[PDB]
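Just one chain is shown here, as structure tokens, and it is the form deposited without this ligand.
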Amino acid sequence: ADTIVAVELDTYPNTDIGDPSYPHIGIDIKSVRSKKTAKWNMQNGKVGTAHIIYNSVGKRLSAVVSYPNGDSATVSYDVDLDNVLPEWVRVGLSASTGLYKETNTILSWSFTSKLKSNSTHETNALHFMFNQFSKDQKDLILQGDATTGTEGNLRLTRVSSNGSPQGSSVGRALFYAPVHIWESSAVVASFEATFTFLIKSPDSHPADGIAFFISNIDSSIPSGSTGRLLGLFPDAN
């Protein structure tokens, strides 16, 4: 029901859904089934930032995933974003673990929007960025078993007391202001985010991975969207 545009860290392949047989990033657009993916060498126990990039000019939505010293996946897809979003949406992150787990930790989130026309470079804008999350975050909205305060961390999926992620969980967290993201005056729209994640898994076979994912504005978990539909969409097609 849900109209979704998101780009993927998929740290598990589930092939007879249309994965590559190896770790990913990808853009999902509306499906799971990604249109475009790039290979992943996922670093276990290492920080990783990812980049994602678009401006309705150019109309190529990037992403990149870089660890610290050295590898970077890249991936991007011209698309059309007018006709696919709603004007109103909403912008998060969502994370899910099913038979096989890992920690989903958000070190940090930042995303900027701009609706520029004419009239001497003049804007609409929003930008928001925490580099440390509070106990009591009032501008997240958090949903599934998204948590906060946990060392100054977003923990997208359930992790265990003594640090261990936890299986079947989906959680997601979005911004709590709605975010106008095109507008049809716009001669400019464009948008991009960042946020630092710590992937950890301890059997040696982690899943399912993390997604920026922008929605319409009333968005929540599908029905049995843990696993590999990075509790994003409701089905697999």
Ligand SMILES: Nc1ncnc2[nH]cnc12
Second form
Protein chains: 4
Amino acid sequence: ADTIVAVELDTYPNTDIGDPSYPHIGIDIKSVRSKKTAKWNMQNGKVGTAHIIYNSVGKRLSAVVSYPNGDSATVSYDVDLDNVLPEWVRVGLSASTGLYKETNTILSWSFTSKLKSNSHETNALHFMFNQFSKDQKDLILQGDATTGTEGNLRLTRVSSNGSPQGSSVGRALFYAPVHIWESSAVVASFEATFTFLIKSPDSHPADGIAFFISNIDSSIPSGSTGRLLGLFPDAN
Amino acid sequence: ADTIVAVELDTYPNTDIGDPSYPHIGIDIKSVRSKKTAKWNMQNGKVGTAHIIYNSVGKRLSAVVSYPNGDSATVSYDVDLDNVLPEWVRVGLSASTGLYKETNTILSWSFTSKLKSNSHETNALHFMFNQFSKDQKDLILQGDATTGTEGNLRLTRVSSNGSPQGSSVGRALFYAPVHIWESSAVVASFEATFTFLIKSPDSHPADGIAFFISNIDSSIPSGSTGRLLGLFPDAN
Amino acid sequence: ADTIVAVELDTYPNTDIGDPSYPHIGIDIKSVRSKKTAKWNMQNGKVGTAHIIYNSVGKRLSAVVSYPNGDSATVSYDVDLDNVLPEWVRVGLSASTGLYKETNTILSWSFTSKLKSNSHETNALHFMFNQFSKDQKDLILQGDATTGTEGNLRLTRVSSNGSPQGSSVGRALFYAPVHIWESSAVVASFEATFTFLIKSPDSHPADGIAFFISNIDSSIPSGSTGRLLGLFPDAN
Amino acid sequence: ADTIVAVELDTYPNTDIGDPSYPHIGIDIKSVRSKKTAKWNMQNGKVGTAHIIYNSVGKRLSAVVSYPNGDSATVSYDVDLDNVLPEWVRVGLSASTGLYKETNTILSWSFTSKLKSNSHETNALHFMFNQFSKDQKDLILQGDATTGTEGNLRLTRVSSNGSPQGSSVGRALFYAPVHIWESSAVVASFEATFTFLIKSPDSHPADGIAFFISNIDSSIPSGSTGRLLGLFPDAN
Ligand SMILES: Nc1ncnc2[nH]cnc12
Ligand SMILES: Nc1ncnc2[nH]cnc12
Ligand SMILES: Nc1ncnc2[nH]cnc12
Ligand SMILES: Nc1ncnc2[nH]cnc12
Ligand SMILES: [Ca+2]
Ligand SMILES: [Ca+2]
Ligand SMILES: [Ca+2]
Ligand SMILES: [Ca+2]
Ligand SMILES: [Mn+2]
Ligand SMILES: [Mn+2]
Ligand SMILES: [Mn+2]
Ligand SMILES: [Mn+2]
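Compare with the form deposited without this ligand: the form solved in complex with this ligand:
So here's everything in the complex, that chain up top.
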């Protein structure tokens, strides 16, 4: 059912479904098998930042994930998202654990969409969360996601003693639909930034965090924990 | 039930409920009887712009409505909106006709809310509509409001032949709730701008347009057409 | 001397120096011979909008020029501007006439540069001119450029009777240097938008308008009127 | 000569020139004797944030200074800055030490000015420094001010061993002039935010930090160290 465009921060190589044999960032267009990936060194317990950038002019969905020591991974993929997404969408963040686990803590998330037509006629949506609240009424939380008093978005279950749990899936979508393209726009652009804290005591962290764009009514697909990152009903 | 803070562009003097005896802009806090007004020369058939500005520092809700020839009216009112509004709100635009009538056409609407805490931790919501679409999924339309193909928001009924109808009420609220204050914010500010086209063939235009802030579940009060501008169940 | 990156709106095909045999938009990196062009139908006397977009992630300089009837031309070019430009620059607008002529009237110009590092540490510059004033102290006007009372930037000479003159060159650069890249930035992006009105009574319009980025001390090169668009000392 | 509007973070009570007998924030219009002040508990060695807000609608210059534990001081003052400032200005930050001393370290500074006319015609300037660089070409440094490799703006002299020096004055002004009012603007607003770190080993910290607005050619007045905060030739 859902149509998904996602940038995944994939901490666990599932080499039997396309993953390269390392942690990676990837651009996912309607499939968990990334159309493009790049090797990503996830820094356990460090606060990372992902930036996702698209414009309809260059038609390049780009993402960069960095940590404070400056190591970064970038992935870009040429794609015309007008042909992929419906005109109205919701944007959100998703994360998973499976057999292995990790905290999928989002510390901030910002997003901007703009449709520039002809002629000083722009429609724009911008939000920025640097602090999430307990009762975050402009966010739709799905599955295991929760917003804490500590001001974070915990996309997957973390135990009272601070421990990430396995087989968790959770997503947070901005409440308002976004008009991410409009056929008379000369420029439809968006950008998204989030900061995250992936920490694991496990033998390996898993499974990752994705920023995604979906149909407005998108919900977690059945059994999308683990390697499917809460975005896809399957690994096709 | 609803809690309303509004800036009204009031085209019709209802002198028996507080209006001054002229068209006016006013600041309405939980009552249609404006706490403060200023004489406003509505320019029939011209495109006006209203700007509404509040910050929690100066605690002054300010509004200015202007037309291209530069005539403008300003109203300011000292008020602590933390004590008025709930923490989460919806923001919107409302307009009415009663016995007299006018087009209450909104050509653009923009809004920004920011909560600045301590410490480069800001939450922000910004939207901008310069063109409304027919199926405007990030707007909640109430009552007679409609968004047209022409890219406008018609808050009240306009006849197929372009004529405004009487006894109309309509509102458009942004879909996402807004967090307009948060007690640990050092600055909670917002601003709103809209452009409007009030045209009437009537002996007098009525009744006006308001930008308002309300509880998230706000709906048009019963019999709020006319002088109550779709905001208030009564003239108290 | 100068280093120039430019998006040109080139109204005159100078086929002996690389131009294609039509009006075109092009991306110029250190040469007037565009690395990339696209056919552009200049609409005489209509107000056009150009949008220029770059990010250091996708490393794609993109431009689109459109008119209100929606005809548009787009050009994109993969390039790493960190390797082209100095770290600090000035940004501006340039236009020329030669043997043929045209008004090169800019009605608005906006620009944003951002350097996003690690870690909610962004440097940003944004300006927007929708109205230029006579004494525009945040603009550096070179050559024939002038800002009028009418609120426009006339990059090339227009006669008192409204007529564009030949052999004119003029540029307007934003006063403050811009830091358009910084090697520790994870994202260095910029965007620029301007609206323009190219009108000509001539047998052909010429020569065009460019948005450019240059070294801070950039000045009009000698004999850069006409086909060199006020950017290049020569056609190499 | 200079015309100064300033918000001062005044760490040292100079009770013989108007200061109240405590550290205070104040709004200074053409005089170091603040038109309005508020008691401010400066938290030695903590990172503070000041927010300064003005709009020409409400005509209230407002400032709030806060620290992460949430203690804050606010000051507001009704004033029409169109009658005070010239139309074009420079904006900057100033700080002083005298007999007592303190670090006057600025960690970030952001500013926005907007002139909204009639009719989707806004001029705007926004800058944001979250990191200052050594060679900060869009800043004018005066007196003792320096930008470090550490990414801070040290408005006053700090010794190689980290110690603030006495009798220091330094200012940083944004390079481009700002058009802070224009008589046909319906709204002329600005806001400024900076974060600062005032640390002192002294028996008392002194003298403070100001954000100011001045004539474009403003320079440090002779003998404006200490209680005059680098803004005023005297205490009148
Ligand atoms: N370790 C793994 N490699 C490939 N595909 C998988 N699916 C689940 N676990 C996997
Ligand atoms: N003309 C009017 N004056 C005062 N109050 C009113 N209520 C309805 N019409 C009115
Ligand atoms: N018409 C033209 N074609 C090619 N190059 C030129 N240089 C000057 N005019 C020219
Ligand atoms: N301590 C102080 N009190 C008042 N004015 C002053 N000027 C210099 N030092 C002072
Ligand atoms: Ca995986
Ligand atoms: Ca009324
Ligand atoms: Ca040419
Ligand atoms: Ca003092
Ligand atoms: Mn993957
Ligand atoms: Mn009224
Ligand atoms: Mn060319
Ligand atoms: Mn003082």
